[PDB]
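Colleague: Okay, here's what each chain looks like letter by letter:
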Amino acid sequence: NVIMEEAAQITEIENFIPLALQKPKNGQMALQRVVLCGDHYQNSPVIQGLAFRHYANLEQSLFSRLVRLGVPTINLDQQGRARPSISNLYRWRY
Amino acid sequence: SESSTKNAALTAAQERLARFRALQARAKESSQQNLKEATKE
Amino acid sequence: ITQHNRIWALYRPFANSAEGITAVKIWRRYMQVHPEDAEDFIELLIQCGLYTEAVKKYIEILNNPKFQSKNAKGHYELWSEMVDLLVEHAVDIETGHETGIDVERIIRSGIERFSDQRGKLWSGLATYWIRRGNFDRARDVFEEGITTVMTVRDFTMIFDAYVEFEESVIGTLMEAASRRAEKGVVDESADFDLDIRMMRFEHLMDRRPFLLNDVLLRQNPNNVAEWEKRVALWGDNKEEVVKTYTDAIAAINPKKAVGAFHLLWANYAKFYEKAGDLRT
Amino acid sequence: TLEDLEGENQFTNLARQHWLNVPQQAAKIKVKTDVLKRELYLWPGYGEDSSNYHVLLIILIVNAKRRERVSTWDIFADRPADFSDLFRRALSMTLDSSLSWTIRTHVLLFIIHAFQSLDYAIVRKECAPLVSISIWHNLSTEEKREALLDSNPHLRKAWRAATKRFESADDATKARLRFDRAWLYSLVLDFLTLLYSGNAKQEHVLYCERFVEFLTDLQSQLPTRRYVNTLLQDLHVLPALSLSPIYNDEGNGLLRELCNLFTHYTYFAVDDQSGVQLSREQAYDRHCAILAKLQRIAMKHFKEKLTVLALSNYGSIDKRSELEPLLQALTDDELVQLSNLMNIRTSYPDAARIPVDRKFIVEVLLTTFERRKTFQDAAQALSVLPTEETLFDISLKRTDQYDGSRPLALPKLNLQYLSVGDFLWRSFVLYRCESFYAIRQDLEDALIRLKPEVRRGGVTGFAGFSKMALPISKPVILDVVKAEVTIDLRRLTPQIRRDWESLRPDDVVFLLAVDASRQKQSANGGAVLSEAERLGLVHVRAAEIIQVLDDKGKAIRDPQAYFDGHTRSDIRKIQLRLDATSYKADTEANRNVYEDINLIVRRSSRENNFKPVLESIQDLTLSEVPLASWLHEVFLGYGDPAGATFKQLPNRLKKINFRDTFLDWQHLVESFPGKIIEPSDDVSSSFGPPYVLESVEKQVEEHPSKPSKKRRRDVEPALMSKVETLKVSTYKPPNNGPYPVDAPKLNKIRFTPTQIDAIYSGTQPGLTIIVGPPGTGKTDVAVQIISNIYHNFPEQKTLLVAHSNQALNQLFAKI
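Chains as they are written, first to last, in the numbering used here: chain A, 3 to 96; chain B, 136 to 176; chain C, 44 to 323; chain D, 15 to 829.
Same shape as in the complex, but just chain A:
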């Protein structure tokens, strides 16, 4: 089982590297559960190259690509850390 936290801030290569950290057995992988928790509306990964970030789209994450592809995702609708005004100001995008 592989669980990733803040997958939207990690690149696709960095997300795929942890999913292939073990060699396959008898031609098949032993991975069964792949959970990724993140926020596609948050900041993407930092890329030094402007052409890589814009033209090559290297700043795109695996979670954002899965959300854009139409895969089903569970969206959290409860927040209990900030004030109601700040939460409502941050709920316009969500």
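It is possible that part of the hints are untrue.
The calculated DSS-like cross-link candidates involving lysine-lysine, where the alpha carbons are at most 27 Å apart (straight line), are [unchecked claim]: (1) 116(C) x 99(C); (2) 109(C) x 566(D); (3) 668(D) x 689(D); (4) 226(C) x 720(D); (5) 598(D) x 99(C); (6) 598(D) x 109(C); (7) 488(D) x 568(D); (8) 286(C) x 319(D); (9) 272(C) x 175(B); (10) 27(A) x 68(C); (11) 286(C) x 175(B); (12) 163(C) x 171(B); (13) 109(C) x 496(D); (14) 313(C) x 298(C); (15) 298(C) x 175(B); (16) 736(D) x 141(B); (17) 68(C) x 25(A); (18) 25(A) x 736(D); (19) 587(D) x 25(A); (20) 299(C) x 317(C); (21) 720(D) x 736(D); (22) 496(D) x 99(C); (23) 175(B) x 116(C); (24) 587(D) x 109(C); (25) 281(C) x 319(D); (26) 79(D) x 51(D); (27) 317(D) x 307(D); (28) 163(B) x 68(C); (29) 496(D) x 481(D); (30) 598(D) x 488(D); (31) 298(C) x 163(B); (32) 171(B) x 272(C); (33) 566(D) x 141(B); (34) 299(C) x 175(B).
It is worth saying that the hints were derived from the structure and are not from the lab.
With chain A's structure known, arrange chains B, C and D on it following the hints.
Modeller: Chains B, C and D only, in chain A's frame:
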């Protein structure tokens, strides 16, 4: 026609066998020349 | 450690009477104190079937120049034994980027170190490539060995090995074609492959004199006799004869010529006069 | 930019003179013409009677929004018919030759941007007919199309369905389908005509680069590539671009690189129809089959003249130089007959005026029979350690000055990929390019801070002081490669000396040989020097520092004692392993690169991990199975996106022990709205924690009703949600001892129903995505899922990947 076809196939097989024998003789001559050149060198 | 020597002397027969992975680990732990018998442990790697472990032990022994063989075996003999073990167990040896090993680099190092037995190393590499199922790689290795052999004996041995492999492949293809024709199944790809193999064998037989002339020129670029033999083997090909004459002119040193460069120049002038090129 | 369009532009003035000619007496209010307000006014005012200027302005606004990473497809979601009409108008204007080349390039860029936005339903519906099977009707010969249809029954069924849809359509629908099928062929013909038109300006080169980028993007997406690769192979776009005068120009390096990237993407070892990635053996077998078919055709047709070509081997005919004399032996008519026998196009339309000579046919035959390296071979051939030529590459310099005006010949990450290996190779190439750019920037900064100059006697010295680099002597090779480098810390600060002496094992360092006197060649009015020659740098070699030794060659056992103690000598020895590939290349070329090396440059430990990442990426690209089979379709963006979920996987766990996930029975009841919960036992009273939830599918009782075929048309398929019975089982927890420390810890956080569903999805096997905002307790849900996985599966291992160390610390504190 399937009468002279057998004779034509036999002639082609004989020509192929002659060509294979010539190729084997050329390979043996090349090997002998290579051995002689190796001894000379 | 002084008592550990007697302890290992009282444990060597114990490890030999146990065998298996436990004895392999005991021999690995005993190599840190007395590595001079580690080659004998390589024989244990022969008994345990671990060809990769034997190759690693041979590489570790060859890496240290201060290692002395207990059985008075030379470094060249150990390298030849390792090459023979790799050729015999090429299928059982795992090769990849994860292990950090390269067989081509080791073959090149053995060829560079042992110039008198470079043809034997090339033949072993060709046999290993043939055992690996890569016919194109084996053909490329044979061509590289033929084109880079300074000694004509090694070149002749490599050519004989390549000719034997090509003859075996052609015989297998002919047997497959005969079996297909007897069963009434016509395979155009197999017949085309057999024809291509026959054409390649004919081209190799035709270029064998050219390869011998090239080897003679590499052995002595100032030898005008080899250049004259190459020009005679060129025949009526005017462009090939002109290229051979230009290579002989640019290769034979006038101050170190063993033959007669003036004879070659006179032959070129006579060939130009026979062609009607008086100005040339 | 977007702010530049707010001024008195020519397009804005034309729009005001043409569309804002209303006679209404508006007030004289100084309202700024914002880009968003103009876009909102243009969106509602768009219609079928609008001119092409409004469509061009809308396309320019969409391109400006896409260049700024702003959403623009949503604004067109309100009007689908107007968006389709605008797309049809843009497609008609793209094929129109009356407009300038700049408008055609802008339309091509807009079409390429729309092709990269297939996630939208309207964009996917608009782009579906453009990359459909009807483009196969534009083939050169009907025999090749018949063979392609007979190769796969699915392609034949799709062609039959397309033919039936075209026959059953009306006149306008058939005309629209024909226009959509022939638009790609017309664009390819226009590109081929403009390539061979001659006297091409910068606009023509930009249009060619945009067309190459669009072709690469079309080949990068498999649903479009399945027809784009066949169309490019039938039209011979690569042979036409190779012989075109635009690509032959020295200044069109970017166009040549884009053409090479398009050729690499089109010749990828992957199935076009099935989508399965092909290995090196499959590509070699396909090339051998093509060569055998060509040899059989030559033997059946020209055995008298092409006997050597027909009897040639696979390795003796795949090379262009070896096959050049065999193709030159045949005449022009013989070459045309050989091309027609292999279903290869040899003639074009008279309107395109494409020059079809013997040289073009020979180039096409050479390119078709050329052996191409696979993606794994290309990834293996790429060096992980950067070099002097790789850091100062032309592509890197072009990407450094990229501003969105012109395309770049680099791979682009999208929603869909051709294969997992292709995506891994693209990620490895992007990471290598980023690492090379960072290393080049660091080397340029170090050379600028060092300020190299020419001293007396021709010895290159350093006038400035830099902490990122240090002057050294020539390294001496110790073993083979491991070498020793002598460094001096007499002129360095104690912090700099401590940083240099604390080099970790296998640390990435650069040995730099620099000669500033060549910069004087730039002052003599000669040729234009490069970026490396401007700073005086000549060669840079990557190396891995393994250990740090003192002046006596002894390794420092205690670094703290050596740093705190008084060092007798400030000279240090560093053991560095140089790369084997660079050393072998220098030895083969007989170049003494290490003899002229005089500088050593170090890097920060946080930014010196690029080599292991590149090695891991190359190993993943070279691996045959780097992804799971269940998650391969979800990662590739093909098939059902919900197939990786637990509801579709066959290994779904029916019973899962939630233990202390629910605080009480009311919390468990409220966490499953719309689902019927029944106790496992016969006791109707509620039970407390721990609880185990078992999902039982409700079996529908198939009553023996009569088969009435009348009431079947109006009875639509109702989306009846299957009410899975969540049976709750309560068991006594096992005691761990009478001591208070033996009591297990229980969760005291009341999870929401969305959090409960996320935890249930994470506990079940498959792929789970938790889109949680800040303060939503995503870390708590992850910790609960990890605890549930540890309790339910003690034999399984859980790997947590955190973006930052603070998240890992918070997860450890929660666990």
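Colleague: Could you tell me which of the hints above the structure violates, numbers in ascending order?
Modeller: 4, 16, 18, 19, 20, 23, 28, 31 and 33
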